[PDB]
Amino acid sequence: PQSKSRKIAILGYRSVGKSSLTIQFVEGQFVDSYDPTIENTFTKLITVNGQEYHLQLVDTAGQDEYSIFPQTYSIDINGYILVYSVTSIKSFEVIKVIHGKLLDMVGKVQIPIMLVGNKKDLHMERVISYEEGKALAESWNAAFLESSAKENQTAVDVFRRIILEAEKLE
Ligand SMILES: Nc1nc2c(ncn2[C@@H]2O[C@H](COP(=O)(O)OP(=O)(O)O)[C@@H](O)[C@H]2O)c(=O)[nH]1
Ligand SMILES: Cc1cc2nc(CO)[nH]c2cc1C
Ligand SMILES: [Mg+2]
């Protein structure tokens, strides 16, 4: 087809950089601040392996270990990006809980789930190694990338990759 519309939900604990990553990709800017309590859907046209997509990104407000994941929430979602911050242990423990709840929601439907460790630019504050995030992702059979919302190419790589994974499963 000439174009495919795909919707990806961006999940994770408060403050890990879900809005900033999404805005870096969509607008090519690192925003000073963006309301942490707001959920918006952003869109961007991207081409992956010659195929054009209208990618819709649902920048969720945030989840924690008491968040819920009714099957209702999964309607029209084609893939999930689970974000933690490499500077926050809490955020990494939370993404593990979110993933298990997510799996319960989506069951065995063929939709991609990838893991993203964000804020990789904060070297002095890092508390999670690359390898710890990669091993988690492997245990999930999930793609893994680290990012910085201050680095446009790392934002682009994240959203290109979730579309590549979606295509492999379709
Ligand atoms: N240094 C750095 N700060 C980041 C990065 N991503 C987000 N931030 C900052 O982290 C805070 C939370 O970011 P936000 O995008 O609002 O997180 P959200 O709650 O997941 O949407 C804000 O002060 C952002 O400026 C990143 O990759 N590097
Ligand atoms: C697509 C989606 C959006 C959500 N928003 C919240 C509350 O921030 N939880 C969510 C779960 C899903 C799957
Ligand atoms: Mg936000």
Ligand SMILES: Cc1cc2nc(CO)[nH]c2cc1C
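Residue numbers count along the first chain shown, from 1. Rigid core (definition): largest C-alpha set, two forms, superposition within 1.5 Å. First, how it differs from the form solved without the named molecule.
Lining up the core between the two forms shows that one residue from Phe69, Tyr130, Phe144, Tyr34 moves its Cα 2 Å or more, and that residue is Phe69.
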Contents of the next structure:
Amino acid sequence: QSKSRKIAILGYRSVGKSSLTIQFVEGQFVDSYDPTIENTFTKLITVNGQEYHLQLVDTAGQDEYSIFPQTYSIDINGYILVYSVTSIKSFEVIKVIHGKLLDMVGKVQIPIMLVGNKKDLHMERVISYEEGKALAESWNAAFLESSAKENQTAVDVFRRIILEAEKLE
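Next, give the form solved without the named molecule, keeping in mind that what was shown is the form solved in complex with the named molecule.
Shown next is a single chain and nothing more.
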């Protein structure tokens, strides 16, 4: 009576893909972590009384020139696209990543969740909550800001993509 889902985490380098995922999976804010390796974490979570077996694909990250690997579109039930609120570059790149993703999958009307990470770095913020929300609305995607240092924000992100998936289902 369990349900397995595979979620791919995408985004520009250093926006916090690994840190967010690991904060969710192990409940800890890791300080150091290999900058390039693509790894698939496993996580068990019960949402709405429903148990889920999650496979979280923490990708190596991509940019305007990346050529999406097949592993980005096979058996993926949902995608989390993250950018850093401290980087306009990561924000402009997440738009390109979204476009490439739609090109690679087609019109599958895939479940997508946009995430503006690093919200704790108040001083270095350059992307507003409104800009992030406007983008998500442009895509009709879920939206949330987060901080790999605040476990509850990381949990909300993953719970949210699960609901988006169920909704599009």
